[PDB]
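Take a look at this single chain, the form deposited without its partner chain, given in structure tokens.
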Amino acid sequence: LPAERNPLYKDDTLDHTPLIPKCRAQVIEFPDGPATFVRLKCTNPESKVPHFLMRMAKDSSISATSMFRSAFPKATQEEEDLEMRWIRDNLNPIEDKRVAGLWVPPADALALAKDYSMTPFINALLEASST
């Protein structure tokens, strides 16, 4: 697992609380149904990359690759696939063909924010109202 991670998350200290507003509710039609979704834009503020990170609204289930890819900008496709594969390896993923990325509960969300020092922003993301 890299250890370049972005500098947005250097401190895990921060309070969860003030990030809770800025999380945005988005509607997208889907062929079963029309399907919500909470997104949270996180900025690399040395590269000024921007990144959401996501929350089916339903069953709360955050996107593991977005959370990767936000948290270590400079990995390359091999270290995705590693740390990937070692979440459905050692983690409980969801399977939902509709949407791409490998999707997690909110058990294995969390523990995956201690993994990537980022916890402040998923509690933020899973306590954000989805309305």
Second form
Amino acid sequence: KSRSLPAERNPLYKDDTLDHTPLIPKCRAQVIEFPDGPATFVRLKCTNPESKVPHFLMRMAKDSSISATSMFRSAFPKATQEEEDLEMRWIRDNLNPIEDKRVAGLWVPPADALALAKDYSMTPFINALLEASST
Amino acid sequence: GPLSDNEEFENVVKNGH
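So the form deposited without its partner chain is up there; where is the form solved in complex with its partner chain?
Every chain and every other molecule in the complex is listed next, the one we just looked at coming first.
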């Protein structure tokens, strides 16, 4: 569709076929207090091996909604803002983002996130994030 | 240790950076 992904991808994601299980221990849970109350997130820190720069993959504990824009920025470190806006627009018209006043960025349900993970070559990392415990 | 990243995670969640 109206889509073209960035050219350079985080070397962390060269192989989409690796088993995710060894990654699950590295997730962390964190509670964030919002005006309407606390909510729990599961986060996985992904350090690009060559720029040494860390990004968080993030998941809501209650319904496993995953931040698609966090996935995008970890996958494509040298992406322009126009490239990001283009793909987030794509996610809107082709997947089913959730709407949530409290969190920034575009979040999507688990099955949508795994569809993106195939496109971004991040399937082991989203699988580990989704299978991680919140407790 | 893991507390070092609490603040930047929460700011990314709430404000995107």
